[PDB]
Amino acid sequence: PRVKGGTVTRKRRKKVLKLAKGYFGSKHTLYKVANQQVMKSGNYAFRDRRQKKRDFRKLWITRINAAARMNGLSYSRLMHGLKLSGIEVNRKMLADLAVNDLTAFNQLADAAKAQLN
Amino acid sequence: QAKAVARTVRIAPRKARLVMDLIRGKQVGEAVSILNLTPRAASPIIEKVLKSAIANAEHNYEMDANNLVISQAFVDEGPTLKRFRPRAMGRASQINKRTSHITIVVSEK
Amino acid sequence: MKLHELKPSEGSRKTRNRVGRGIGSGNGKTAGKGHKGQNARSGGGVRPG
Amino acid sequence: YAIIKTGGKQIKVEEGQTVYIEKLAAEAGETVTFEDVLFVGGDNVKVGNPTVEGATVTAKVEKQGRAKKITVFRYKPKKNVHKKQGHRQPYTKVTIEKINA
Amino acid sequence: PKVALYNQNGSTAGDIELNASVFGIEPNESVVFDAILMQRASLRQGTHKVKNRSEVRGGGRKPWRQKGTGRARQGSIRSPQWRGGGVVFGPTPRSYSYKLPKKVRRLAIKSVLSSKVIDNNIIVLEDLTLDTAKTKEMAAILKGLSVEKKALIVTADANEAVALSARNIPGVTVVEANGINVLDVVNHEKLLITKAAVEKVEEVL
RNA sequence: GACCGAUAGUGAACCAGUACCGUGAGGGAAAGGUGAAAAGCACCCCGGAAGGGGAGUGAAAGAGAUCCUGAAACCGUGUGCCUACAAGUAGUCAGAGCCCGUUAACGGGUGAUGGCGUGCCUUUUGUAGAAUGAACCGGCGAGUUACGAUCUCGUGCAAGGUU
RNA sequence: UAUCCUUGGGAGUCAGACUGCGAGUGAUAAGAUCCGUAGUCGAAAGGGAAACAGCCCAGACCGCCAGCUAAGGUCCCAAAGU
RNA sequence: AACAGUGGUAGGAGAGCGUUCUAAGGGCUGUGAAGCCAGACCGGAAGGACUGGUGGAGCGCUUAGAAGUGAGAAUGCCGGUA
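Chains as they are written, first to last, in the entry's author numbering: chain n, 2 to 118; chain r, 2 to 110; chain i, 1 to 49; chain o, 2 to 102; chain b, 2 to 206.
No lab work stands behind these hints, which were simulated from the structure alone. Each residue gets a CB set at the ideal place from its N, CA and C atoms; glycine is no exception. Take the hints with a grain of salt, since some may be wrong.
Computed list of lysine-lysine pairs in DSSO-like fashion (alpha-carbon distance at most 30 Å, straight line) [claimed, not checked]:
| no. | chain 1 | residue 1 | chain 2 | residue 2 |
| --- | --- | --- | --- | --- |
| 1 | o | 10 | n | 53 |
| 2 | i | 14 | b | 150 |
| 3 | o | 99 | o | 24 |
| 4 | o | 24 | o | 69 |
| 5 | o | 84 | n | 28 |
| 6 | n | 33 | n | 54 |
| 7 | b | 68 | b | 50 |
| 8 | n | 54 | o | 94 |
The calculated label-pair distances, taken between Cβ atoms and stated as ranges, are [unchecked claim]:
| no. | chain 1 | residue 1 | chain 2 | residue 2 | range |
| --- | --- | --- | --- | --- | --- |
| 9 | n | 47 | r | 6 | 44 to 54 Å |
| 10 | b | 54 | n | 53 | 54 to 64 Å |
| 11 | b | 44 | i | 8 | 13 to 23 Å |
| 12 | r | 90 | o | 79 | 38 to 48 Å |
| 13 | i | 33 | n | 63 | 35 to 45 Å |
| 14 | r | 90 | n | 26 | 28 to 38 Å |
| 15 | i | 39 | b | 55 | 24 to 34 Å |
| 16 | b | 44 | n | 10 | 50 to 60 Å |
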């Protein structure tokens, strides 16, 4: 028998056009370039899903650096002192929260400094 | 709350919209005045159907001539007349003679 | 066994290989024939000897 | 408030909040405890890899979660390479009671 | 192979011994399947022809020159991508039947009859005599024999009067004792037989 | 009829070998659908009409002469958020503010600002390429069948198998 | 350590490029050509060298607001020692 | 359970998804099917439900078979519109 090109084209193209709301102009209404955006969007999504770890780490690091320098300490010497102070399993996120609870951060910093020598 | 439509009057919709947008949202009794005193192609047509629009009060639900305003109104395209204008080198170029739908919806305030 | 529970002998039925349909199955644009070859065109076979 | 290393990444936790963390082996109605505790806060008893005895953190778990779909799409251009894979990450909703120091 | 014998009005008699080699054989599912598929394909006639490019009333001339024209290079107006038609690898008129060995088909029919025996939908009706071709009589006969779904009746000699009467039902058909197949046997789910046709098919097999 | 259901199926479901093109031989289209019944809009108002608004018929008037349904390109009208010191394959992810509240779920829209980031396909050793193709949207559009051969798999018989 | 041989079914490939080292031809010129040998690209994304296929480090089954690190780097842009 | 693995073009193999008919069994439909339109739902994928609005008569499911069976590109073709 003969199979016609029925509803399947409408369904598949409408799925991606539905997923592609909010794009600029023709990119949110025309399939030929809307589809061309979404694989670009998928690749950018994967890449920055792995890149979010590193720039968040950088944000935590510079906040920790500010917290160390305003207690008169370099960040590198701070973590060195922490590591020989013990297995400081406390890590960058919750040290950042210790900056937002800064007195506790002071209470860690002086311990690391006094252990350093 | 009265409505009248043009339903394929032979005029380009853009040339309609240019004189058509300037009466959007102002009192009808002076809107008809500014529109029949601006010289455009579209002005007599919109004049005609606008007077029909206010004229939907006689054998109609009752409003009155004053305190009455255009609520919303727009120009909408109709089917286009395909025409083939002959052109040099025997090229036979193609021209579109457009038609338009003109809507007026008028409510009291 | 009635008709609405038909079971063939397993391993005695094989799906056909529809070449040149999409890319996920493989055999896509080129339909599994490589590139630019004499064999790659329609009727492109050589004499068997 | 204390620091619980939990599933390979420590979460700051306070008494009375709720936290979304990775899906444990416990069932969705029974309270669970985290033993490897550090930085008890308040009077902030804190040691390097601290053996703070009696400071495990009781916590009631009420969900067997499955997070929202991230449609992971791969393609390498000009090469007819495609790889689409859906993904949901499991989790558990935990409320916390009786912080111990 | 020891099915009880029934009479016209639903009365039962002494049970009938049946051939073990025909009705006690362990059925072969794959063989029954292939025999089903065999004549299932054989029933269809497959008449369908669609006009190939070379025979679509037109084409002929080249529509425009190859080079020096902004249009793409193109052959005859009747062409596959062309709107007017010319289809490629369409359905062709051809045969959808083949053949199976005698041993295989006899094994298949023995398998399906024996399967009917082991799930007990065989009812044997000896000496099925009806003096008129009226339908409501055998309708009452079947209601007395307590059959509700489809059925198949095989009687060899009384066929000339039964065949007019029983052909009324869409789902019920007579068959001769010779014409036993697989689709009619499986589909009709309740095989009505007479003892004369029992011995006839018995010696045939 | 395990044939098509109006870009299909005859070129031709429709006044088609017509219209149209060619001097002539010849070539050769597009174009189906109100309603069950026309019961197809009495009557009123605007207007020259067309066209509308009412009233009426119907189960439906958004059903009123391409008149079943009416997708998309395209074009309009109100708006929730944002925009006049900013250059950005126009995304993604962080992200404050604002608006809304859902197939209730670690919600939805918009997004000031930051980081990263040169479309798709083909062909190439190599393409963001200043190599090629695509104005867009919709439809159609490319490995099948016949007869043999071979191999695997699975079946029935097996020194026999088979028409 | 576990990959080797035989047979059978089914292919594509015969335009390669660059960087090392060992040669030709060339003017021991070429992002030149042609060989042997090793790697990478080809067909391999990520970090570095500003951007970059072949250079250096290193292989992407997915997710995490986890840690340690190779090349390279730590005044700032821009993370880390003025 | 443990161990190991899971870049990828040509290619080769295995699993599948979907469409139209056809039989078998089951049922859905004017108390509104198909189709269309909109949603913040489900699966690893192709995709599949649920709820509204339109629509005003046909259609799923189960298992098997047979295919004119899956479009983004061919200065493709036709229609419509920039």
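Outcome of the hint check:
Straight-line distance between C-alpha atoms of residue 10(o) and residue 53(n) comes to about 16 Å, which keeps the hinted pair within the 30 Å bound. Distance hint between residue 14(i) and residue 150(b) is unfulfilled; the C-alpha atoms sit about 36 Å from each other, more than 30 Å. For the suggested pair residue 99(o) and residue 24(o), the alpha carbons sit about 21 Å apart, so the restraint of at most 30 Å is met. Restraint check: the Cα-Cα separation between residue 24(o) and residue 69(o) comes to about 15 Å, which is no more than 30 Å; the hinted pair holds.
For the hint linking residue 84(o) to residue 28(n), the alpha-carbon distance of about 23 Å falls within 30 Å, and the restraint holds. A hinted pair counts as satisfied when its Cα atoms are at most 30 Å apart, and residue 33(n) with residue 54(n) does not qualify at roughly 33 Å. Only pairs whose Cα atoms come within 30 Å are accepted, and residue 68(b) paired with residue 50(b) is rejected, the gap being roughly 37 Å. Of the pairs offered as hints, the one joining residue 54(n) and residue 94(o) holds, with about 23 Å between alpha carbons and a cut-off of 30 Å not exceeded.
Between residue 47(n) and residue 6(r) the C-beta distance comes to about 53 Å, which sits within the given range of 44 to 54 Å. For residue 54(b) and residue 53(n), the hinted distance range of 54 to 64 Å is satisfied, since their beta carbons lie about 57 Å from each other. The beta-carbon spacing between residue 44(b) and residue 8(i), approximately 19 Å, falls within the hinted interval of 13 to 23 Å. The beta-carbon spacing between residue 90(r) and residue 79(o), approximately 41 Å, falls within the hinted interval of 38 to 48 Å.
Restraint check, residue 33(i) to residue 63(n): a C-beta distance of roughly 57 Å breaks the suggested window 35 to 45 Å. Checked against the hint of 28 to 38 Å, the C-beta distance between residue 90(r) and residue 26(n) comes to roughly 37 Å, which is consistent with it. Between residue 39(i) and residue 55(b) the C-beta distance comes to about 26 Å, which sits within the given range of 24 to 34 Å. For residue 44(b) and residue 10(n), the hinted distance range of 50 to 60 Å is not satisfied, since their beta carbons lie about 35 Å from each other.
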